[PDB]
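The chain below stands alone and is given in structure tokens; this is the form deposited without 6-nitrobenzotriazole.
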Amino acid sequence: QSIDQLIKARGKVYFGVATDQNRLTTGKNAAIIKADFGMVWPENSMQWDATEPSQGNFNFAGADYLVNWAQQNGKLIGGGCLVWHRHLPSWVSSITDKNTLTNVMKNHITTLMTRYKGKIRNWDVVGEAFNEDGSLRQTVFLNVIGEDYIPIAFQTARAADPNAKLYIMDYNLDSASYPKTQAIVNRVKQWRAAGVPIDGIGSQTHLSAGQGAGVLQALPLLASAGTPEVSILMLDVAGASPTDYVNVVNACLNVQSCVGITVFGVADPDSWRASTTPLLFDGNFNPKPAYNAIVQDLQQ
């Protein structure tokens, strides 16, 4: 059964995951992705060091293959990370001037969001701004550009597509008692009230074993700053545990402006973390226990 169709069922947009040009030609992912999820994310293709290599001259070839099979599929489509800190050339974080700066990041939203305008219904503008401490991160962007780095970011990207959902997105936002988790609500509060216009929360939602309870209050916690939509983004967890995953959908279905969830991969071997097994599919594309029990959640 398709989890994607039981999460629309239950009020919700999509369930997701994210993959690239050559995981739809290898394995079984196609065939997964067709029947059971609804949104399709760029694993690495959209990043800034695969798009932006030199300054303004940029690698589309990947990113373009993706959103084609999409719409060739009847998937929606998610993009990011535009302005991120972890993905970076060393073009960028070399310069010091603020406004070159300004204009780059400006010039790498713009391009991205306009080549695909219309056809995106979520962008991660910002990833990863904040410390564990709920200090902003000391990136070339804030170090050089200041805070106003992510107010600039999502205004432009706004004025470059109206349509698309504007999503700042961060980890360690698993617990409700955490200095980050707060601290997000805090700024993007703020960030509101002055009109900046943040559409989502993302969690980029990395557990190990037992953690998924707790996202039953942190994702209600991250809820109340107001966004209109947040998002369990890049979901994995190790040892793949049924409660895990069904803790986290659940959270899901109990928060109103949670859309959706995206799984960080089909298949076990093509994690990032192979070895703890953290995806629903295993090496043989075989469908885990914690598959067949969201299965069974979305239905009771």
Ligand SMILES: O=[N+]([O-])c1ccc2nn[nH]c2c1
Contents of the next structure:
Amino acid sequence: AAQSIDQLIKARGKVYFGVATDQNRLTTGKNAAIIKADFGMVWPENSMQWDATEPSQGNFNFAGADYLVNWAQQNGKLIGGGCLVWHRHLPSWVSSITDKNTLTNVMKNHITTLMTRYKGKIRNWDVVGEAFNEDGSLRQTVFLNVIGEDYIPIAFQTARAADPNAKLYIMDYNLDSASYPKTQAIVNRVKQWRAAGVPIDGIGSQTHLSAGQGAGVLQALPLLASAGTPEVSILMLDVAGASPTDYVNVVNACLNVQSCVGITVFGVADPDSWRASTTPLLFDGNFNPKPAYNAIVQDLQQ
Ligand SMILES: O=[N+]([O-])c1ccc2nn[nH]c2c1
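I have the form deposited without 6-nitrobenzotriazole already, so could you send the form solved in complex with 6-nitrobenzotriazole?
Full assembly next; the chain just shown is listed first.
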């Protein structure tokens, strides 16, 4: 039987090798079996996003998120949650809010309700996602436009109050190159926020790579770590082509960075990827471990 990359990465001092999933993955294919055997943390693919959890103001949908949380607890898995404040999965009703006080309270209520429901059960909460433009300026989302840049500090202070046990993360993508301005920009702003006591515990890099981009993460992840958060993480990892070299490079970036607590892949098997044509995950369409998985196993040998 294949070795567990979660157990192997733990044996090297890390916290987890995780995977995104949800109810209908756990009831189909071989996902439940693979997650039970080989992964140590689960994230909700969709079921904790805003459009899934608060489809109208103050009215929440927790059946799907509850299923995942329960399954994780039944199978001794750590749980990540998110994203609490993210423009991409925002219902239209949030986008129409124009009053600063209203959106602030709406955003706080969304954060507090989700985090309170799972209080003490969630290791990591991704509180703010994709807040940056590619040039490193702040993305002009409804939260920035209506609340202003204080929405990020407010989001994290609210999260800390709701569940002090959780590690609070900001996440973004295209943080994979140390020379890309987005990567330095998130570092700059997180240093500034943490100097102001904002409880940003982690930076999570949503790592969607093209073939050959794994090597650059060996420099970009330490740069993210230079922001001084207690933790950084690789999130939503997938790699077009799934070359062993790309994946092992990302893993060794994690191993190289003392503050990097672990890695989360963006699904179990290729056909369930949002870019399945690029066969970018660690298991194929027959749920067989791919060369990249075996290479991670060998790279993590002690
Ligand atoms: O690391 N992930 O795969 C993952 C999936 C969904 C999320 N929502 N917020 N953060 C997330 C991370």
